[PDB]
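In structure tokens, the next block holds one chain alone, the form deposited in one PDB entry.
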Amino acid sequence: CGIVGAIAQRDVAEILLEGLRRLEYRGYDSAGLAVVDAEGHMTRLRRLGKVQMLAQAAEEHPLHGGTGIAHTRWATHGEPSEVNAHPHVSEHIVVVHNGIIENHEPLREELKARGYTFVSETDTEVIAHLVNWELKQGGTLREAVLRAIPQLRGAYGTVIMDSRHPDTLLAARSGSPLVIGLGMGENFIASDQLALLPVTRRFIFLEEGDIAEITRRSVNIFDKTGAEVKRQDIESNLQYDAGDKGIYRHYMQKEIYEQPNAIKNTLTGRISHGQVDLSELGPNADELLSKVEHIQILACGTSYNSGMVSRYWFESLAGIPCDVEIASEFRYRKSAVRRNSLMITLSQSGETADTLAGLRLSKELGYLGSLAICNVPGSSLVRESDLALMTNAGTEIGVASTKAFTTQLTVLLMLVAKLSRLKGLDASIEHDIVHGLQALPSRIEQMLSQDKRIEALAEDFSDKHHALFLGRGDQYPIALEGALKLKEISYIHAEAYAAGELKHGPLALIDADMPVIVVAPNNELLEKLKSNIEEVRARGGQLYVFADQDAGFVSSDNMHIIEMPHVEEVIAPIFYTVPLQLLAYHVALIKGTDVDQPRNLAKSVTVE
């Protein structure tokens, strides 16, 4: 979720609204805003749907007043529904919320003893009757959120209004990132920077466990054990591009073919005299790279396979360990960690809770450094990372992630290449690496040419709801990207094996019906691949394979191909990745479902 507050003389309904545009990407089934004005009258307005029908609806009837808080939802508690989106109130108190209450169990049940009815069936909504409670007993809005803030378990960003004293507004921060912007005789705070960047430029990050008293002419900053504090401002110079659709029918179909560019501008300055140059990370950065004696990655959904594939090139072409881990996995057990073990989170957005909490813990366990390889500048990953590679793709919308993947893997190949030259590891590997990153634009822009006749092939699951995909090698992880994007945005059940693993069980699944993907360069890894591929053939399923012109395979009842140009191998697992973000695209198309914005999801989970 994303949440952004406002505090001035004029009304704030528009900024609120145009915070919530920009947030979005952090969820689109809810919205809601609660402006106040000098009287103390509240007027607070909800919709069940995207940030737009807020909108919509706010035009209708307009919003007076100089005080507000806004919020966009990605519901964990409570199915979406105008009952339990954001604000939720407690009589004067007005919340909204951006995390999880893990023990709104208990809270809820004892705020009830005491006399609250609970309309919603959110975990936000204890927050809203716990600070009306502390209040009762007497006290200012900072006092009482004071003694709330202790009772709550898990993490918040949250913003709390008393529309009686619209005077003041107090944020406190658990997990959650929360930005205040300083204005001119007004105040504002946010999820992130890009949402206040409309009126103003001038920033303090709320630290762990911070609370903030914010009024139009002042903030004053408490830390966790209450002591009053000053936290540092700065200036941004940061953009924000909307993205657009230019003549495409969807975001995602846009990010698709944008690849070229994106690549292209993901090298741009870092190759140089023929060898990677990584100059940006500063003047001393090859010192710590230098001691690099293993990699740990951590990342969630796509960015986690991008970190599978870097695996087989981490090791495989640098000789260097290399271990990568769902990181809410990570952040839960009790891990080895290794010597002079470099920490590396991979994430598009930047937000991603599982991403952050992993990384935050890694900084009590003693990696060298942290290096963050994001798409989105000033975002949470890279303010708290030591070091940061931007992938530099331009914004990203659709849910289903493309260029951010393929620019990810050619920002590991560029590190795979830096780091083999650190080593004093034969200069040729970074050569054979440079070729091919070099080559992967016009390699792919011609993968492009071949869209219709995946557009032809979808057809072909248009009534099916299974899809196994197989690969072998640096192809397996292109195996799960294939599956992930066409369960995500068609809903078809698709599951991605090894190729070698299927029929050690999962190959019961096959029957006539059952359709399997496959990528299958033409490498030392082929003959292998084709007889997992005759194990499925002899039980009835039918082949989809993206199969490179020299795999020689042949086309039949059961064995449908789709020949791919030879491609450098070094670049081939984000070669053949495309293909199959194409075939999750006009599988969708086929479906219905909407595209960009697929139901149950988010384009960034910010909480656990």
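So that the term is clear: the rigid core is the largest set of C-alpha atoms that superpose within 1.5 Å between two forms. Positions refer to the first chain, counted from 1. What changes on going to the form deposited in another entry:
The residue that stands out in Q275, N261, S328, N523 is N523, the single one whose Cα moves by 2 angstroms or more between the two forms on a rigid core fit. Once the rigid core is used as the reference frame, the Cα position of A538 differs between the two forms by 2 Å or more.
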Contents of the next structure:
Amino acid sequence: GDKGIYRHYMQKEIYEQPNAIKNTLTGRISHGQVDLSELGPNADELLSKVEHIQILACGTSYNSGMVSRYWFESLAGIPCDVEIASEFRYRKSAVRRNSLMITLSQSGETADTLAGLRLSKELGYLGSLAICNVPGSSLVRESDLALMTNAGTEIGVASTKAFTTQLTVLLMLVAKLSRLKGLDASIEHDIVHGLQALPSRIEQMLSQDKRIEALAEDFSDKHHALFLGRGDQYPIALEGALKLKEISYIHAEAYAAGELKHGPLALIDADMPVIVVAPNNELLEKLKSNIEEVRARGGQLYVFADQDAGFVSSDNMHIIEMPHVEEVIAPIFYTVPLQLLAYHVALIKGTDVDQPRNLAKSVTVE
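Next block: the form deposited in another entry, after the form deposited in one PDB entry:
Partners and other molecules omitted; one chain follows.
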């Protein structure tokens, strides 16, 4: 129903992120630990028998997963593999010892993943956790366990609150598994703190909103962009690029920041801004140096970084300062400026934000 004070559902969806995240934390946090016993009185020796994760979705959902793979592998120490649903459903895959099947999805109707799960039944999958946002549908029903992200319905065609909430649940799950494995419990609380920080850290970004409306102008009449990201921020480059493709129709493409010099450098000029997401200092010095290599074709570096990094803008490296956040939820945090950025370009360009062209709420049908 009602958009409220908003021009577009997507806008609202972006501004709802702080609440939506509260709801995803309604009684999952309790006594400063993570409580996933909302999952059958069964549940736990299952989840403690796990020594490998296979995640499986499409689109913005693969992005979120792609992110959570970093976490798991380093926080919870549990091997993690992510794959595009379609890629999985059309190969003889080599199942892992005690693999858990997480399928991520907003609609729980995405044919390609739905199917990716149905192939897993017959393959040796320890069991099946479907993180997802629409109450009781194919992906929910057909899984052993579900974690309904509860963000209200999302009407916009590209996903915003859906994404962040999936990352929060990812983060809980990372937490629950870390302790149910024996790991020094300082780890779970870090995640938790970070997790209860998060909602008001999103409202912080949102106020730094006007500053993005500014930057959008720089990109509103471009038709190329290169998003760059390292480790957990890379999949945020993925999502950021995707959002730009999606609603501004710009051809933004994401990339391992390690890999710039192995190709796309050759592409950069005044019509293809680079954007790095949340670099550290040693990364900046590499990218800064790269971009000089192309000052003469007129290329620019745009950097979203911690205001605390003390980075300084040159004539062709432009720092866009963000507030400090906790390392552990950084990935989730740096997503909002990228969403808002896509959003403002779209607004200025005047494109159909809520239903972008040729794009679908979900691909159910074959």
